[PDB]
Amino acid sequence: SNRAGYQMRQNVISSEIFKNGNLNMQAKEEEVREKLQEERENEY
Amino acid sequence: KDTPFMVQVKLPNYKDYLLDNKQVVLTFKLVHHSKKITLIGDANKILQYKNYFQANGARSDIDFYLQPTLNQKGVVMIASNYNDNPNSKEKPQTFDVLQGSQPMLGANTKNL
Amino acid sequence: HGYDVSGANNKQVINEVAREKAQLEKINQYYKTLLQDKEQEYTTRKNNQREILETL
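Residue numbers (UniProt numbering), protein chains in the order written: chain A, 225 to 268; chain B, 57 to 168; chain C, 169 to 224.
Same shape as in the complex, but just chain A:
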């Protein structure tokens, strides 16, 4: 069972660095929040 878990746990699709993959999502989130406050306190 640990051998099958070892063959499954280290897939090429998993168990790696998604930190950049969600860091880019975080960056575009901050940028759309930036433009959101742009369009907000243009008139706030």
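Treat the hints with care, as some may be off.
Claimed, not checked - Partial chain B-side listing against chain C, Cβ under 8 Å, derived:
hint : residue
1    : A99
2    : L103
3    : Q128
Just so you know, these hints were derived from the structure itself, not from any lab. The beta carbon of each residue, even a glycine, is placed where N, CA and C say it ideally should be.
Start from chain A and add chains B and C according to the hints.
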């Protein structure tokens, strides 16, 4: 007019008749004999119910307490009667009784 | 038995508009987008958008 109660009567929302000949004497006895009634519901509905009760059968010292709401299909009234008579006029043991219902909010469970 | 009904309704309308004001404050408080104190990466970008935008 001396026995205390805080009985709560619901009031549905018919077309233009605003009460029931099924239920008119029972809901006028309380407003005639009460001392402080309150009204919960829609704004103009509790206004016209205060107008209707004062113009039909109430008296000039009830001190209608109105607290309006928004999302309330219907309008609920609570009629209370403080004793305020100076002879003796004491409350019987705050009715810890399994036979009778306590005379603040009745919660009437009966068919037989 | 006597009509005698005026003047005791503006107080009630004031009560209705006060409950309306409370509902409006609850609706305004239901927000996820406006001011809520965040980390420095959010807040410096926020303050910069305010400043560059007042100049704009």
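Status of the B/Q128 interface restraint (C-beta, 8 Å, chain C): With Cβ-Cβ at 11 Å, over 8 Å, it is violated.
Interface restraint verdict for B/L103 against chain C (beta-carbon cut-off 8 Å): Constraint on B/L103 satisfied, holds at 6 Å.
Restraint outcome when B/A99 is required to lie within 8 Å of chain C by C-beta distance: Interface hint status for B/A99: holds (5 Å vs cutoff 8 Å).
Of the hints listed earlier, the one the structure fails to meet is number 3.
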